[PDB]
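In structure tokens, one chain follows: the form deposited in one PDB entry.
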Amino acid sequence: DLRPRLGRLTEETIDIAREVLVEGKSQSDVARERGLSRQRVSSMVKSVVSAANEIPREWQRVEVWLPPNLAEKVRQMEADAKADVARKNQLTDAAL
């Protein structure tokens, strides 16, 4: 029933996230310090990062260099995908 993402996460997950984001601690250090896999801490951080950008969880960040011709298309490629997602949340529940 649409629970906002940052509200679903545990208090602990938000803590590990804070150590990495707010406090600049390394993910692997936080992982060892908390007896978790490093894969969990990376997955944890992505959850908070993705939701703070109003981004679907499955989306992957990409950092490439491109010609300005190709560059602008991928910048518009995002805006279109971003726009589509906003519309999808907007009318998918209504269209059914």
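Rigid core here is just the name for the largest C-alpha set that superposes within 1.5 Å across the two forms. Shifts are known only where both forms have a C-alpha. Positions refer to the first chain, counted from 1. Compared with the form deposited in another entry:
- With the core held fixed, residue 37 shows a CA shift below 2 Å between the two forms.
- With the core held fixed, residue 52 shows a CA shift below 2 Å between the two forms.
- When two forms of a protein are overlaid on their rigid core, residues whose CA moves 2 Å or more are considered shifted, and residue 12 is not one of them between the two forms.
- Shifted stretches between the two forms, defined as 3+ consecutive common residues each with a CA displacement of 2 angstroms or more after rigid core fitting, are listed in sequence order as 1 to 5, 55 to 91.
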The other form holds:
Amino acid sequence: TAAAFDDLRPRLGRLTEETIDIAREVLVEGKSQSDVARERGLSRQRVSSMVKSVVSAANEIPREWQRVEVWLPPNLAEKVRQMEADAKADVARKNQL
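Beyond the form deposited in one PDB entry, can we have the form deposited in another entry?
FYI, this one's just the chain on its own, none of its partners or other molecules.
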């Protein structure tokens, strides 16, 4: 991952900067998981899960999708909510090989 990372940041919401900074040392800077885990006082399992979060977030949402923050009646708030689930579901089974 190069400047592809810096383009993943919007979709890297819900994660913190340390979780993002840490995974960037691995995916872009080429550092090792176990090395940075010792650098920032962490289990090597967390740094595994940290990047896997950053990585999966890439596969979960294509860069074409748009981020929309909207206030709705409770009836229709579930609809858009549920349709994103069905929309992420449809992207998910395409990853297959």
